[PDB]
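What follows is one chain in structure tokens, specifically the form deposited without the named molecule.
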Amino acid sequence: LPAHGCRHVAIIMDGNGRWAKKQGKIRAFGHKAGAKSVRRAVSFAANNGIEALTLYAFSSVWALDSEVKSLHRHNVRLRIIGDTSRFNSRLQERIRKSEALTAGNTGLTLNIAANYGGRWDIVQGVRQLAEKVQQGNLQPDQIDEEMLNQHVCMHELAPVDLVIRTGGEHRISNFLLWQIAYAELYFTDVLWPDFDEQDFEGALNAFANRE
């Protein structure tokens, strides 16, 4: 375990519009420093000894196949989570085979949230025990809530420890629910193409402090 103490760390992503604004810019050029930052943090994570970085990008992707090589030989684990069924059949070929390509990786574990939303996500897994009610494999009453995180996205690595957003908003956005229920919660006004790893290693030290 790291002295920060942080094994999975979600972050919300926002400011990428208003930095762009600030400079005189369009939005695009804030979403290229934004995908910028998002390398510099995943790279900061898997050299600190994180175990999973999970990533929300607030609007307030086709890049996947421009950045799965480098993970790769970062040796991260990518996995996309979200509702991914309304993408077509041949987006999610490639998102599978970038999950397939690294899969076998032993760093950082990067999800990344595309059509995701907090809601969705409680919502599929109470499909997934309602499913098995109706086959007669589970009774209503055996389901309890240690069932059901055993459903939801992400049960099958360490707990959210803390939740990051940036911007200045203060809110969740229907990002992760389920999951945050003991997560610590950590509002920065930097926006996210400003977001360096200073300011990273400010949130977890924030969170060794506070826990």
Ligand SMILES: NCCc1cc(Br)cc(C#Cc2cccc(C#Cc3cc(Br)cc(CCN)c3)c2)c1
Given for the second form:
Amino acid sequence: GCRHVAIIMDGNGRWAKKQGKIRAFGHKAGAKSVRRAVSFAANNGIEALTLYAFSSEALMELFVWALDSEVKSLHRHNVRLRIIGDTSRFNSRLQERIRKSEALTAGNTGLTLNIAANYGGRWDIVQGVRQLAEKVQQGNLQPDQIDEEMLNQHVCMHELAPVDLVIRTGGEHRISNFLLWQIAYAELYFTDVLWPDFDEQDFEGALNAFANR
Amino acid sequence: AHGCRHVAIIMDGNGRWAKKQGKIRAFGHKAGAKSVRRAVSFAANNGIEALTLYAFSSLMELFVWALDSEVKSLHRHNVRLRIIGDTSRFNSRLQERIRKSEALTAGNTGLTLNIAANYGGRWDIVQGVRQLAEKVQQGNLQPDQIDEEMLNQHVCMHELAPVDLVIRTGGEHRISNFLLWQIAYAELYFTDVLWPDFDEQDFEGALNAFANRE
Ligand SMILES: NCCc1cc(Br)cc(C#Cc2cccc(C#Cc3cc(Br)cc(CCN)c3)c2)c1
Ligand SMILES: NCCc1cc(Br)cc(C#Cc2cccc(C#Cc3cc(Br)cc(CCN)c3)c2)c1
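Given the form deposited without the named molecule, state the structure of the form deposited with the named molecule bound.
Entire complex below, previous chain first.
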């Protein structure tokens, strides 16, 4: 069973150029590919889908704004929506809308969809270390008590199934400081397919790799 | 020219290679050792600064005993040897030989060779965090001064060139809790060749793939 899939969605800008169009056309087709992947995962019983907006190449605030009009429909589809990443300097109106959308869907029991916005795997670790360091300073924690289990409880997604499978589209063979801690034991699947062309047969191919493993 | 300063290798496939031969595991480990010597020599000869090796089969303390017999040869090839991993419960005779071997070769100016022994990427992060937490408890460090650059200065190999390329032999596509923090920007190169068969032309092929893809 593949329970939690993460995807680095690369290739939108490259796709646009290949189609003889401006960058925005690649964004729009990438967004259609997000909808199709989220639909596929919810239909195939995947528990959690984590999507990293990234291009080989403020644009992150725009990307999250564009999701705002999809929330009513995610909710109807029993999807729990979370944004992961450092949103603490987004505009306050967008922060409040993120907070409202998360709270709206927080009770849902279908697919959990994590959208990584201004996220980095080293950042994620550092935010968990800062928390532990506040506890040490307060005298609530001994340095020698800090262990893997404890750090784990302070990194993103710790309440969800372990990441089983990471897919990167677009042809590069790197993690690019997406999840680090969380991918210790995950299957890594690289495809040259550009994100806007990545479809249900491509997702199924990746799921086969994992099942062969 | 290839552009790689630090290569790290997950050396998988020794058990499979011996099973293909109708031989027991020991024979794959012996062939895997011959392939280590060959890789270390190829890296030293091709301008790599650092090579970091993780012995894995999809026994530990015995791997490191085995390495002890190679230390005089590494020294003679101007290799600087370091062990990375939690060797604190290896007992004292082993720990001491480890210490003497690092001391002997620390002055060497050729390749730096890091051998993982009882190493995990999560463990490595946690040890760094514990050093930062001691500094907080001494009153020396504020939690909000802790940033990536600072945690970077506390993980294994922080003083060496960043890892540019990770090779995993043996056909599995996974990191298996070998270096996490350090591989955030590294090229990942997976090959179905089994470790004992991975030779200079395969190593050349990985470096040239990194040069072309970077
Ligand atoms: N006019 C395009 C505006 C735009 C720009 C950019 Br950039 C991004 C988007 C977007 C999006 C999006 C992001 C996350 C999730 C989804 C979804 C979805 C979804 C999930 C399920 Br389950 C079911 C449905 C209904 C259609 N099958 C839709 C859609 C939209
Ligand atoms: N032959 C079986 C004994 C054995 C068993 C096991 Br398990 C492991 C080993 C090992 C090893 C090891 C570990 C780290 C480095 C090396 C090496 C080397 C080396 C490097 C250069 Br440069 C040159 C040479 C020999 C070239 N004259 C040799 C060898 C050795």
